[PDB]
Amino acid sequence: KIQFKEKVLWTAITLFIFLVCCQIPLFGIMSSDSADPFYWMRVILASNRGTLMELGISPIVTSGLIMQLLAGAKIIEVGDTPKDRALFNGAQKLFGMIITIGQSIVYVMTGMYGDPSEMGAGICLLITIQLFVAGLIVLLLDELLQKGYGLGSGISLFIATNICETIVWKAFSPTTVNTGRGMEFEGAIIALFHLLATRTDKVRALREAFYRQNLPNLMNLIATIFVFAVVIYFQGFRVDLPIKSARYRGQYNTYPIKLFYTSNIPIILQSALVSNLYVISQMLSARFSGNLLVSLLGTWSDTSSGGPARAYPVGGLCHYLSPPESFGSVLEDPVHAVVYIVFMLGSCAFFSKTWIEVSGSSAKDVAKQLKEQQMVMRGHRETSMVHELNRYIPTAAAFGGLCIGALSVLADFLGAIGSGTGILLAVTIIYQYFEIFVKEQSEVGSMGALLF
Amino acid sequence: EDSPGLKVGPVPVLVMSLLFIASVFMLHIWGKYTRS
Amino acid sequence: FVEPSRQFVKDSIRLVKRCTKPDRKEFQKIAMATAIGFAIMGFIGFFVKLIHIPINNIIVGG
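Protein chains in written order, with the deposited numbering: chain A, 25 to 476; chain C, 61 to 96; chain B, 7 to 68.
Some hints here could point you the wrong way.
[Said to hold, decoys possible] A few chain B residues that don't get close to chain C, going by computed Cβ distances all over 10 Å:
#	residue
1	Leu21
2	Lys23
3	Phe52
4	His58
[As the list claims (entries may be wrong)] With a straight-line Cα cutoff of 25 Å, these simulated SDA-like cross-link-like pairs (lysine to any residue) come out:
#	chain 1	residue 1	chain 2	residue 2
5	B	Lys27	A	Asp264
6	A	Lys117	C	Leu74
7	A	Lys388	A	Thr407
To be clear, the hints were calculated from the coordinates, so they are not data collected in a lab. The beta-carbon is built from N, C-alpha and C at its ideal position, and this holds for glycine as well.
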């Protein structure tokens, strides 16, 4: 049954399921190969191992894609009649259900690297099925949520752990030394608190520059603060006008207008979808239908260099996709850096309007809202006679995400974020969700709501 | 949709989750647990 | 992309002029809100692995 009171309790259960999902893989390991590409795997669910979600954050956009592509084509293109699926969801269940188990099977069914000898004789019924169970439970819940809800930050919290739980995990797990902290060549006692105590006495070795380059994660963490500052700044911007509600006179009840900040969220969703590209390009070249001299020709790059031999498509398809990740600027190779900046800027901009626009941003959507609760139409115009809130939403929105989608891509070249583009995107998620969460609670505060 | 109607929860319902946890300990070490 | 370019430049001057900052006091407020959120995650991290890891072989006890 609906009731806001019920909804908060449900959110607490959702969080609990994520914690449980992490907990089981920690006790046992399976360790016939991990499989999903290592950076990409971390972006979805940097925790567990073995049973990381394959559904949230990027298959989500696949299912919805049909709407974006056809609309943006303008004429829908030479695409088959989109229609199908009878009418309404149910197909939505079918997609994410298969894609969980589907990712584990496809990795040995097709290329990549994992010599098949069937799915498994033994390998799959243990591994594959366990991978399937975690993803299946989360999808079923997500579909249910998409029917009359609009709150909860179960999903956001796993991202929050990915930024901040990891910092403490690395600090409170070693015995070896660890990549994180010290900067010490060997043994020399490494814990975050222990390091600060010793360092106070003499130097600290970190009043910035480039340091020795890479070294501990902590050099990056100091640098983090500068990127933190810009993201918070862009939250601040609003254009207001909710005025004259519940009377007319003067007094009113504020509505925040999300403005620029809502626009960025499609780009964060887009960045994950773009990332996948290498697996599909590899499939087209080597392991698709008959050896056409166009499918091969388009992709490739996999003849030479870097010592893999098999060569993935890290030769050139990846180079267009993503930066070298070198610490300073343009770097040794201009070409690799230059192409990445151009590639993302256009894709980011096109995405930034679209999901948010369909889901409830536009003056037509807002028009339905305003009859119910009354802004009181705010000293507007008869018939709205050259529309305020209508004209300024596409112009604001397109620009709004442009700034953030620019900034993450440029920031990879910059030393400051630890593993490039993904981290700047991931931090941005945290602020927006936290701000949103407070609004649903309302209850004048910002305080607890843990089980309250 | 699905012919089963029960989606939601509210105590002894997530049987699939309950089964899932039990299997894992068998497979390998973390507490010095047996390796299957 | 040379089409959206035109639109963007007109916007770029406009947003800054229209909108004031996070108005000095509220720079602290937004930063603080994030900081509390970060702290919650940190607590979880000790429970999961500080306790658990020296069970297999004692390295600090847990």
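Of the hints stated earlier, which fail here? Going through the list in order, the structure violates hint 4 alone and respects the others.
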